[PDB]
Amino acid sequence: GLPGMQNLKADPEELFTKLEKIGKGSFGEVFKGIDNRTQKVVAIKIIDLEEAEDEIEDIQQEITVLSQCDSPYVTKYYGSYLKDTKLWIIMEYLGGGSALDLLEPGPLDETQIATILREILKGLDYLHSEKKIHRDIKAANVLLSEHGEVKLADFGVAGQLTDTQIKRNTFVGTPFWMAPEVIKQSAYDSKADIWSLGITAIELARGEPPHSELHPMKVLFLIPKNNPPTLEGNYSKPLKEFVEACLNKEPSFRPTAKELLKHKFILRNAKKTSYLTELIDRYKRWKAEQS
C-alpha cells in the first residue's frame, strides 16, 4: 500500500507539453514545460522508476513533502503523474536562476545578501512551523523568479517531524553545509537548517562555503572537531554577528528562523526583492559573454 500516492494522477501529456532539460534535482532530471490550460510555463521533474532502487522510499516522501507545502517561499508542486515507467512531478517554474548561479559573475553586496537571506528565512519559518526540515539548505537550492522572487527548492532529502518522532538522525545533506550533529548522526531537528543557513550566509558573502577546496570526506571530521566557521573579511558587524548566531555548535543556542527575521542585519539591509533583477541581468550578461 501507498498512503502518499492517494492523489497520484494519470496521462500528463493531456494537460502538459514537455520541453527541454533545464537541469537536475534530487532523484531526477528537470525539464521546462507548458500547462496547456493556462499557457503558463512549469518545471517537470522526471524520475525513471525502473532505474530507481533504494531512492523509491525517498521519492514517495518528496512527492508528499511538496504536496503538503503551500507557501510563496517554497517551490509550488502542482501534481504527480504516472506515465508508464516515468513519474512526472510538475513544479513551479522559476526563470531567474539559483542564488549559486547569481554568484558566478562576482560578489553580492550586503543589501542583496540580506534580501536573499530574509526570503530564505521566511521559507524556513514556514517549513519549521509545519514540522519539516529542509536538510539541504545551500545557494544551489535557493531559486529566483525572473522578477527576483526567492524560493526554496529541492525537497528530496526533506525530513518530517511528528508527535512520535521529535528528532531525526539520518546522514543527509551536502557535506560543506551539514550541521555537526547531522554528520555525527545524533538526534537533530530544524536547528540543523539554521546551521546550514549560516553556512549559506558565508557562501552568499564569500561565494563558497568554508572548506570548499577540500575533499568532502575531510570535512566530515573537520566540522564536528573544529571551532565553528566565522565570516572573515571586510563585512559589516551585523552580518558577522548574524553568521556567528547561526554557527553555534550547540543547536539549542542557534536562534529560530522567526528570531533571525528580526536580526539587525536583515532589518538594516534587506530591500525589495524586485531589486534582485539587477543580479539576474548581471548573470545573463555574464553567461552570454563566457567562452
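The term rigid core refers to the most C-alpha atoms you can superpose between the two forms while keeping them within 1.5 Å. Residue numbers count along the first chain shown, from 1. First, how it differs from the form deposited in another entry.
- Among the candidates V74, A158, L143, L121, the CA atom that moves 2 angstroms or more between these two forms after core superposition belongs to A158 alone.
- With the core held fixed, the Cα of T174 is displaced between these two forms by 2 Å or more.
- Taking 2 Å as the criterion, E29 counts as shifted between these two forms: its C-alpha moves by at least this amount when the rigid core is aligned.
- Core-superposed comparison between these two forms: the Cα of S274 travels less than 2 Å.
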Contents of the next structure:
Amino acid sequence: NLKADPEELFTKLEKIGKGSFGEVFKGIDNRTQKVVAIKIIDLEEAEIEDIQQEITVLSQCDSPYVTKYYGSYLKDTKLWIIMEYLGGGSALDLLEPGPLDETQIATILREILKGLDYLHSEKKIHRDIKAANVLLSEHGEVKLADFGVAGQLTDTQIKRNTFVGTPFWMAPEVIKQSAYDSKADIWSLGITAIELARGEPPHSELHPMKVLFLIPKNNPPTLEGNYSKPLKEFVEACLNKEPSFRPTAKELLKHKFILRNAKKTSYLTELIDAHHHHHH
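Could you please show the structure of the form deposited in another entry, as a counterpart to the form deposited in one PDB entry just displayed?
Just this one chain is shown here; partners and other molecules are left out.
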C-alpha cells in the first residue's frame, strides 16, 4: 500500500489561479516532460477513495470542449489532481480588463454548451460551472475544467449545514439537496452568463450565508441593463426555479442568442490580448 509520491512524479511550477477547493499550479510530468495543471486539495477532514475512483472514471472522458483529467495522487492528507493545462486564462481572468461584448459572450457560452452536452450525454454533471472554470487556450479554444467532483466534496457539507464555500452559482435544488441532475448545470450556466455580461454573479455584494438562504426562496435572477433581448431571454430560460422547466444544453445550442451572436473561437485571442495589455 506504499503510495507514489506526486512531488517526485511531478515538478510543481508557478501558481496559475485559485480553483475550487485548492490552488492550481502549472506542473511538469517528470516521466513524459509534458506540461500539466495540478490542483492540490487538502482532505484532512475527509470519502477520499470514492473521489479518486471517480477521477479515474472521468479521466476516460474525451471531448474537445472539456479538459482532460490525468488521475490523482494522494500524499498524506493532500490530493494532487492532475489536469490538462490551458494557458490562455480562465474566463474570470479575462473579465479583469473590462466588459465582454455579446459576441464574446455568445461564443464562450456556445463552447460551454457543447461541453455540457458532452458531459450530460455521458451521464455526468459538471456541478461547478462558473467563469473561473471556463478555460481558454492560447489559440482561443474554450474548455470546461474541474468537472464532475464538486458534488462529492460539498453535498454532505450542504446537508449538514457545514458548507462554507461560495454559493453564488448553485441551483436552488443543489442548495436544498433535493434530487438534482444535469439541469443544475443549466441554472449555473445562466448565472455564468450574467457573470460574463456584468463581471460578477447575482448577489455578489451579500454575505454568502444570506445568499445560500436567498437562492431557494427568491424569484430567480434576471439579466438587467443594456443587453439585447435574446441575451436576456437566454438567461431567463436557464434561470427557472423548476429544473424540469430549464432547457437542455442541446436545446440552448439552438437559442437565437447563440445562433445570431456566436462567432469563430479564434477571435477570442483578442480577449487574451486585452489581458496582456491590462497587465503590461
